[PDB]
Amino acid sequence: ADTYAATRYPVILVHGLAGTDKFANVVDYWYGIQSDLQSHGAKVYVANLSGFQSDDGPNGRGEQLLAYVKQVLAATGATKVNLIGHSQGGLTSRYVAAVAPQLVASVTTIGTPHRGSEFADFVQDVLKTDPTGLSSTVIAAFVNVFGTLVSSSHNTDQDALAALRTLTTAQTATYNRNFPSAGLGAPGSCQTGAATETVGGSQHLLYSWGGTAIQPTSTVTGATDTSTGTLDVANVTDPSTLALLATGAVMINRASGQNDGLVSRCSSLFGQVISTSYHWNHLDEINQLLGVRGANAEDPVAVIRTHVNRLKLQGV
């Protein structure tokens, strides 16, 4: 053990998706991440958000995270926290930074669709004629993989799809109006905002990164997975690999541009953008499934470890 990632304030990892900090009620959502960071001197807590899928309103995930942050501070005596969220977890983190600015030192979002997901929009349209969405081979593939990851649920198929409702272009647009942030750029400019924000007298360091494994090819526009070689074992051991390529292809055909399977580069931009060059799909971002990633994918654990060191050097 060392102090490489020994930040001043505790780090709270904030999951997104269907619910809880677990995948299939067995493995950690943030696979091998909390243990790695702790070995490097960081005091790392993992939020476990269940119940309401939405980040907004009474008892929404934002209020749940707010309550958790206060419990962590009460237990530790720390006065602020560093929030690192994935997918919807980035939006949940923004909630806390907006309503309790004095309790937050930094907000980092990983693969967060701040401007919505084209796939979430696709699903929304498909469900207008088919509530199951199974009439779509891509949606069927998505549900098959993500449905098996849902924890503490007796109806994973439904929950896996419900998790997309908060990520539509329309829903996120409303969310951004309700929770403004200097970290967001001008709507439709595909540019990030400010690296820091002043809320009340509090100062927050804002960061983000995303994966762009799914790249468009020729032209219906084609798509390729740059995380894997011409032929990779990840397509066999990690079923989400091919599924995310398919969902990412649908996004590309909706003019999303390069993406991670669910979130486009443009939508992921927030605060100081560390990188959008990582050859990752949505799940590689959290070292899933079970640490399996394509041959061309950077180490997500090393990336997070590097960022917490970055946070430490910034004084938080």
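Under this definition, the rigid core comprises the largest set of C-alpha atoms superposing within 1.5 Å between the forms. Residue numbers count along the first chain shown, from 1. Residues that one form lacks are left out of the comparison. First, how it differs from the form deposited in another entry.
- Rigid-core fit between these two forms: of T169, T192, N176, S151, the one residue whose Cα shifts 2 angstroms or more is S151.
- Once the cores line up, the CA of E298 ends up less than 2 angstroms apart between these two forms.
- Once the rigid core is used as the reference frame, the Cα position of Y9 differs between these two forms by less than 2 Å.
- The Cα shift for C266 between these two forms, taken after rigid core superposition, is smaller than 2 angstroms.
- Shifted stretches between these two forms, defined as 3+ consecutive common residues each with a CA displacement of 2 angstroms or more after rigid core fitting, are listed in sequence order as 18-27, 147-155.
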Second form
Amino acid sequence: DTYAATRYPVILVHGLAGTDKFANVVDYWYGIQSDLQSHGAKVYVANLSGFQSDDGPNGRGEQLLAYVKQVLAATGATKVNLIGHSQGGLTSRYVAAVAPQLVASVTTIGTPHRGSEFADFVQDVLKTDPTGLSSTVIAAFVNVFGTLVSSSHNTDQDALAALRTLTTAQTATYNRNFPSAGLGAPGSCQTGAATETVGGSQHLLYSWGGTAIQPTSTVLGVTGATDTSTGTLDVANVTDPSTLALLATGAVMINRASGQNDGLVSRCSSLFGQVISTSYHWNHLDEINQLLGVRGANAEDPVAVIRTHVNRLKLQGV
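Please move on to the form deposited in another entry, as the form deposited in one PDB entry is already shown.
Here you get just the chain by itself.
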């Protein structure tokens, strides 16, 4: 029907990616491209595997720019609507920066705009252990990464490179080089503006995230955390391995003062443009309806949220 029939094509920009160029990427936004298409959206999913950072000369941002130009040629459209998850939001920021006239909006879904405390933690472990692996938490993350992408003769080094880009230092510098009206003050834990007229082009800036992992009590110097997406004996804890894994990574973050997170990105780091909500009982993969659609008892429907938003865009005139 036309519910999600925006004026400009929607491009879904994945974040967690492997190193193999010749990879497969349709099922990252699990069940989302089809749903959007059923509602009239013209949806394209970018594959940016084999590129690490966004701002190189031969990086993800330039790749995505390429893809945006291809989609436009294929559709006879003049602008696109970028929706990005995790690093995907950061590289959507790059294209809008670099080519204002081709972008109608930039939406962020759990993007570590001010980095990740878990990514920070990992860089410290690697000072001592180059493999990471003596930390069970890191090892948990590596297996989750692997399940979401695949072993393609490896999971290990890709998993780690994925977090490299996302450290507080790294994003600090990125933002310095790639200013957006959508970002608030460093350290304020507030957003910027909902729009931005860059190069005669106004941009609709949106974001949302999930704060399923909540801190609880400090005893003996350590502060607990709770997953608030699950119910007691939740099957999602067995059926989906990322559920507890991201509670573990999320607990590390909490003990590095992140303070409410999806287990990878904290609430404050997530904020960009018009924040639709950060109240979702989601951990980092529930956001993309992931690990094959399993969510805890209290997690909202990822697919409805994104669809409602693509309709929002239709109503805003993009």
